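Trainee: This is what each chain is made of:
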Amino acid sequence: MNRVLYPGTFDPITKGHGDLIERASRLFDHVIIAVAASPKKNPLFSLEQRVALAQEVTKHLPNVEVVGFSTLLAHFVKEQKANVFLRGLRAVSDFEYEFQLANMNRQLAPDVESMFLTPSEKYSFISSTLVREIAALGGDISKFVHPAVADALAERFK
Amino acid sequence: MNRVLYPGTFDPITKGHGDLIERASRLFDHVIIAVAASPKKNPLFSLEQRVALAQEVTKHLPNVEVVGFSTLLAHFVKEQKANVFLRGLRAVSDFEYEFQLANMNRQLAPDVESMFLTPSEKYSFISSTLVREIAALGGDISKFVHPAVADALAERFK
Amino acid sequence: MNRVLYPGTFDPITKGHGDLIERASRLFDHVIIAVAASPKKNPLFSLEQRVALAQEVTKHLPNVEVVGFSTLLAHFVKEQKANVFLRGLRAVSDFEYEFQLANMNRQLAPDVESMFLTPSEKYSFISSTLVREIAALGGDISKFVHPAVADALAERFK
Ligand SMILES: CC(C)(COP(=O)(O)OP(=O)(O)OC[C@H]1O[C@@H](n2cnc3c(N)ncnc32)[C@H](O)[C@@H]1OP(=O)(O)O)[C@@H](O)C(=O)NCCC(=O)NCCS
Ligand SMILES: CC(C)(COP(=O)(O)OP(=O)(O)OC[C@H]1O[C@@H](n2cnc3c(N)ncnc32)[C@H](O)[C@@H]1OP(=O)(O)O)[C@@H](O)C(=O)NCCC(=O)NCCS
Ligand SMILES: CC(C)(COP(=O)(O)OP(=O)(O)OC[C@H]1O[C@@H](n2cnc3c(N)ncnc32)[C@H](O)[C@@H]1OP(=O)(O)O)[C@@H](O)C(=O)NCCC(=O)NCCS
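Order-wise, the sequence lines are chains F, Y and U. For the first sequence, this note's numbering begins at 1 and goes up steadily by one. For the second sequence, this note's numbering begins at 1001 and goes up steadily by one. For the third sequence, this note's numbering begins at 2001 and goes up steadily by one.
None of these hints come from the bench; they were simulated from the model. By construction, the Cβ of each residue, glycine as well, lies at the ideal position given by its N, Cα and C atoms. Be aware that a few hints might be false.
Below 25 Å or equal to it, Euclidean Cα-Cα: the simulated SDA-like pairs (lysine to any residue) are [unchecked claim]:
no.: 1; chain 1: F; residue 1: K40; chain 2: U; residue 2: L2137
no.: 2; chain 1: Y; residue 1: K1078; chain 2: F; residue 2: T129
no.: 3; chain 1: Y; residue 1: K1015; chain 2: Y; residue 2: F1116
For the chain Y half of the interface with chain U, some residues (derived, Cβ under 10 Å), not all of them [unchecked claim]:
no.: 4; residue: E1048
no.: 5; residue: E1133
no.: 6; residue: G1138
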């Protein structure tokens, strides 16, 4: 049994994240999407909305479950009893910070493995930040996100 | 005929940008400097000042025009009837942030080409950000910017 | 004699910083830890606290001294009569955010050399920012900082 925790802010969840979750749900027995509160990013969407949006996008995947959390990731992953961290790697990705994240979480949670997947090339350039900014200026983002997300964004700036 | 759009925050426009603009004006029939409002960056200079500085620095180039805009770039490029995006490439900052911007703008403006130029090595290391912070602490920034920009920075903090 | 300045925000100082400083004290007659006020970052700890923590961690090194400053680095280095800047370099920390920093300071303080050291691999991944957030969520950070630093973070968040 592998249980994998996919942590992120998901503000909002994109077609990029969803590609990864598709792939991960076919690989693992249990996939948990851990949506972090991330109060210091001043997220456009509330935690509840983000969790809700992530659930909507993933409701067709039976072994995928979505949860919000605002505690320390190293604590939370033990608390979820996941044995694997999942992260995506696309652009760079940032690649500094991913390694800095992995080695520091490995000191705090030594029995949890850090693992990476890369999205389909066709979604490797979708940024949550820029999806938000395109929406805030009235641009079509239907090609970057799930329909429910596109709608939540439209109604967010109206 | 080619009409080229060089979008940026230009806060302020630096000798790096000016180098690029000299080179681009020499290559294309029409070059438009599109100065983005970029409110999420809290620019030191107002859009109107930034545009004014960009005009001052480029007024000697007859095929160069300066416009401010606060809409979606993918919209604006159309209303400007430009067929090419210009961006600078150097450092590089994040060589993918440019790949990521081009690629989703390729999605919003399929008919506009993304193009890159590089400034002279002698200007390859000037950061608008560090120009602002150096100026803010009373450091001499005349070596990084056009004289008119240097006056604006001096008077910006007094 | 060489006198070398190690500038940084140090919010707080880490075992990463401390390793570099250790390596620098064996190399140079005089090492100055210049803690920048850095108000644009809103530091968790005040300049005075950060200065104190750096003193505590380095007080056993007789040729190492700690100074706080809120002026321009290119100016302050002249006030300290140091001829060398020290910066750390561990994996794409900020790629050439160090080189543009170096070359822009080369314009402001031409008689001062920029020099880099890299920390022991065991400290190549410690992030001040991530230490702050782990501490804010009650995680153990003793693997990342000196005990005195570990003490100060606990009292900061209770
Ligand atoms: C795992 C974790 C630490 C990573 O946080 P994070 O990378 O900053 O946020 P995410 O994981 O959701 O992914 C970051 C996305 O948002 C961007 N981003 C990162 N920091 C950002 C910030 N302050 N503001 C806006 N956008 C940011 C990134 O560029 C990235 O992609 P994007 O360009 O498409 O927007 C996060 O899940 C978290 O905060 N967990 C719990 C709290 C915790 O344990 N902190 C200590 C970490 S060891
Ligand atoms: C070109 C464009 C699209 C991207 O903007 P941008 O590249 O981030 O801003 P710039 O063009 O000036 O280039 C990056 C500069 O902004 C600075 N910058 C980036 N984020 C910053 C921030 N939060 N705060 C302060 N400065 C910031 C960078 O420091 C960099 O300058 P520097 O490296 O010399 O320090 C911009 O003109 C724009 O946002 N246009 C319209 C809005 C839009 O369409 N957004 C959707 C994007 S697809
Ligand atoms: C030498 C100097 C410039 C270094 O600046 P700095 O590298 O950004 O700050 P630090 O030295 O503490 O090192 C970077 C640390 O702060 C982070 N950081 C860098 N820029 C940041 C920013 N805008 N906001 C928040 N954190 C930032 C880095 O990521 C790193 O933290 P980390 O451990 O989590 O990775 C410092 O002396 C300074 O900031 N100012 C001196 C006054 C001056 O002359 N400024 C103009 C410099 S040209």
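Trainee: Taking the hints in turn, state whether each one holds.
Mentor: Status of each hint after checking the structure:
{"no.": "1", "hint": "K40/F <-> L2137/U", "verdict": "holds, 13 Å"}
{"no.": "2", "hint": "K1078/Y <-> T129/F", "verdict": "holds, 23 Å"}
{"no.": "3", "hint": "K1015/Y <-> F1116/Y", "verdict": "holds, 17 Å"}
{"no.": "4", "hint": "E1048", "verdict": "violated, 24 Å"}
{"no.": "5", "hint": "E1133", "verdict": "holds, 7 Å"}
{"no.": "6", "hint": "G1138", "verdict": "holds, 6 Å"}
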